[PDB]
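Number of protein chains: 2
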Amino acid sequence: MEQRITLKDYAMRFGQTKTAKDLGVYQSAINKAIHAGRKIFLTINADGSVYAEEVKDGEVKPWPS
Amino acid sequence: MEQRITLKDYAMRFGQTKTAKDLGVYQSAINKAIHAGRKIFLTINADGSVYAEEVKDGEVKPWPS
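So the sequences go chain by chain: A and B.
Position one of the first sequence corresponds to residue 1 (the deposited numbering), numbered consecutively onward.
Position one of the second sequence corresponds to residue 1 (the deposited numbering), numbered consecutively onward.
Treat the hints with caution; some may be incorrect.
[As the list claims (entries may be wrong)] With a cut-off of at most 27 Å between alpha-carbon atoms, the simulated DSS-like pairs for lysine-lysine come out as follows:
#1 A:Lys21 / B:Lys21
#2 A:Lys21 / B:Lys18
#3 B:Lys32 / A:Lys18
#4 A:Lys18 / B:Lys21
#5 B:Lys8 / A:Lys21
#6 A:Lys18 / B:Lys39
#7 B:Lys18 / A:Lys18
#8 B:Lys21 / A:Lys8
#9 A:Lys39 / B:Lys8
#10 B:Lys32 / A:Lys21
#11 B:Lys8 / A:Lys18
#12 A:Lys8 / B:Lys39
Hints were generated in silico from the structure; no laboratory data involved.
Input sequences plus hints: build the corresponding full structure.
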């Protein structure tokens, strides 16, 4: 089954540094997106590969950009 | 003028590694205090100095000892 977890929750457990590492963006970007309240969720793969998406403008898109 | 923040939150933004460095301590230590729910909080000074204190045994003391 696919497993999803919000960006906030992921950050919460792993901290924003590790999160930044997993997703491959800057910590400033994640703190930014958490503060903004963006609707970002990560889906987790068994290989340990992680990716994020965002619900924005009536659709589900990748995050970032 | 005093700005405080929980070790938890602090570590969450910066990660236990830089936290450890900031307070001068073992990352393992951060780790355990956090898992243990110790009432540790940090105060931030404008020059960039960071210090930790703990509420325990009815007083506010430094951390660690």
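Consistency of the hints with the structure:
Proximity of A:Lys21 to B:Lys21 is assessed by CA-CA distance (about 19 Å); at most 27 Å being required, the pair is judged to hold. Using a Cα cut-off of 27 Å, the hinted pair A:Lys21 and B:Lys18 holds, with the two alpha carbons roughly 15 Å apart. Of the pairs offered as hints, the one joining B:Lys32 and A:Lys18 holds, with about 18 Å between alpha carbons and a cut-off of 27 Å not exceeded. For the suggested pair A:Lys18 and B:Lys21, the alpha carbons sit about 16 Å apart, so the restraint of at most 27 Å is met.
A threshold of 27 Å between alpha carbons decides the hint, and for B:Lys8 with A:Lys21 the separation of about 20 Å falls inside it, so the pair holds. Taking the CA atoms of A:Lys18 and B:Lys39, the gap is about 24 Å. The hint holds against a cut of 27 Å. Our distance criterion of 27 Å between C-alpha atoms is met by B:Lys18 and A:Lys18, whose separation comes to about 12 Å. Distance restraint check for B:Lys21 and A:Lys8: the Cα-Cα separation of roughly 24 Å lies within the 27 Å cut-off, and the hinted pair is therefore satisfied.
Proposed proximity of A:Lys39 and B:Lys8 is supported: the alpha carbons are some 23 Å apart, at most 27 Å. Restraint check for B:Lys32 and A:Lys21: the C-alpha separation of about 23 Å stays at or below 27 Å, so the hint holds. As the CA atoms of B:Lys8 and A:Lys18 are separated by approximately 15 Å, the hinted pair is consistent with the 27 Å bound. Distance restraint check for A:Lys8 and B:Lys39: the Cα-Cα separation of roughly 22 Å lies within the 27 Å cut-off, and the hinted pair is therefore satisfied.
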